[PDB]
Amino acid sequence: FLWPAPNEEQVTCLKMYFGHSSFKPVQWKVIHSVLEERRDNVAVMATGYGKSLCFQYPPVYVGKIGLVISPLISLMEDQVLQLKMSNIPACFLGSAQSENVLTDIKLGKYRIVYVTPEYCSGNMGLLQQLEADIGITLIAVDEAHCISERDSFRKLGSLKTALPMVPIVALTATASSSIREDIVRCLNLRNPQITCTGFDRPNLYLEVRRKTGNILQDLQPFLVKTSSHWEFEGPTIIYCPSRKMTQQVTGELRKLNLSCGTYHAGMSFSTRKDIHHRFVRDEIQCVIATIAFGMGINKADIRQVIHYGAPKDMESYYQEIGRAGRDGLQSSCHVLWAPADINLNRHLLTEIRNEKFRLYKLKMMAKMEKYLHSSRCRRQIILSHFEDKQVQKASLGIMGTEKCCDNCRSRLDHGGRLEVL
């Protein structure tokens, strides 16, 4: 019912190591449950809120081990670097690691340890020694970037068996009751605290447009012209359905001599740290990406997001656009789509085998098409999917305004009802 305010020493720790002056509410609710109440958590946090602080902060505060489990190996490398820049010792642990590195974890060097779901199953005795010798503040089972996953996730029911005293934070991307029930049974969570941040990003304007037949003609509205050169109005990410289309979009932007970078799924640590530096320093105006996570696209002042093609589904779409406007200033997210787009092609779906995943692909395909075809508020459609209920239109202060979405804006441009309270 009531959450106590963080004490002085807790706020000071958050300032020294994470560079924040105060907690956001759901962050504190999750942190306080884990740190002070030792309670299992299922935390529904939309992207951009600060998921990663909820499991990084407690172990740093008490100087103990925090165990983070995630299937995305490159993302965990990116976080370990970010933590090292913040003076926080962290490592990514696997069988490929030296026996020497395992020594430092036993001795307690690393506040935050990253492992894959597979590694965690085969080294349970190692964890209990870490519990006995050093002490574990929490176990973070992310699975909020889960795509096409398995046995790996059902082998984690042993954590509460081997480590009954260690709280578990389960981060998730939807408020779905079905997902929450599955997570609770899989992890054997005990009366878990449930939180939800909500999913709105009021500073993102949502537009959908049809393609015109040529890449340059589609991108022309998004370019401004200095008397010498063409440029985007601001830092821009362009999401493509494939690396072939990324190279096509890249080729057209060279014709205008635009600072561009590509961001794909097999890039090395150096390549990802190079894109990050160039993107944040504005040395490249635009990133054309085939993935929706990692260092390279982690920038605070991305002004424009363009989907050059229909997105695969709402979950990917929400994550992709959530990289924009992280500074809280105005941003725009445009989809450029055609009915023949790859992520809207049903006929390709026949060739792949698995049934009821083709049906899931079918349902996501049809849901995505309904969104792109909608004449109603696009913000309402997205929030209703992630809240798993019917979000009432114009309850939030942004919906129904010229800043909300192209359908609201055009309706207000044609004698719409600017709603007074």
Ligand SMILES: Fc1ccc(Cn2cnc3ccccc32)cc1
Given for the second form:
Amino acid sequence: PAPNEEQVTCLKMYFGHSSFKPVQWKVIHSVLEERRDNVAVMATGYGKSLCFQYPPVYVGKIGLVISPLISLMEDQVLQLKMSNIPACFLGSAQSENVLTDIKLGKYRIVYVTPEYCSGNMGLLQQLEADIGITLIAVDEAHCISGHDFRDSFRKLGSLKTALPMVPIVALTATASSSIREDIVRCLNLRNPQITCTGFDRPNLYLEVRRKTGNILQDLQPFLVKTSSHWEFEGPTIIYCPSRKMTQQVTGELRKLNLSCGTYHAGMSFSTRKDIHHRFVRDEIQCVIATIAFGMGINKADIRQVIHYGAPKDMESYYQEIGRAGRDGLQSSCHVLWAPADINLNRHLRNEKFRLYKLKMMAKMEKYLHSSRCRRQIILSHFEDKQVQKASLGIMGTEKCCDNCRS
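Can you give me the structure for the form solved in complex with the named molecule, which would complement the form deposited without the named molecule we have just seen?
Single chain only below; no partners, no other molecules.
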């Protein structure tokens, strides 16, 4: 099947896009016409959000979005309103006036937490009967299972029973052929369409280097002197394994009067939002951050990602380097590591998760020591069968990785 004129005019008018990506249309058609439950594993930057934002905008109904990343949900609600798409966050602290506007059908996309959703199942059935619920989205779906687990998700299996004619579309960036199964069981999904995309980001050069023991010695090669001032080549994210390491790296970089901000769960949500927004507005050139639950760094032109210390697992590496080069322009992702890092990772839920993570960590140590193409290694772990001409054209060249360089 193919999109009709009204479909393409809606996508361009409200989202600014000329065409639907292949798996984006496989999910949208399935929800819009077949009303079927969906599981979609798409690459970092592909555009999973359109799969849940577009269908309610086209039919003029309501979409229920469940997402853990509070800060970027606030960015998306503000983003939707700016694109003339009425959207809001529905919670217990929301006004009576905004809640009556939802009951009237004046809001296309409504964002809720798992707790609110379970505690207000009667409102959901009232919205379904009176207005109609196009779909119920579970963003970062790999959490109900896996390299990350959240038990708040478990109380969402009661949604299918209450709303059997409403499709649940669970979207994620990291989920293997076994991960998508336990999501179907915990959500009680009925014969869902299981879709996968290619996993390459060909505009991301890859390099692995050994740590010298001195922070400024390790990071100085990434810095350029512009007038008489030291700075990065462009917007940069430095990922650190601990909140303490984030503080030490920021401390050393501030001796060079570098424009940067730190980002960790030790800071309040308010201080975090400020740093993220200063990074997006290009007021800060570098963010030194830790990968911890509920956090995210969304920017379209990140030119460098530095992992200061060995990454946790292959899912962590993929999910973290995918923040670079969303504009399609040349970017770099460097790992600075030491064997002491991997031993620390060995110590820091279910036994299946532990075995899966330990397998990806042994793969991680192999990846770091390896003399083969970094790009060839990464795509084999996810058994990627959509490794296209664009990827093959970059492999074996200077722009691919450090091991492809002469």
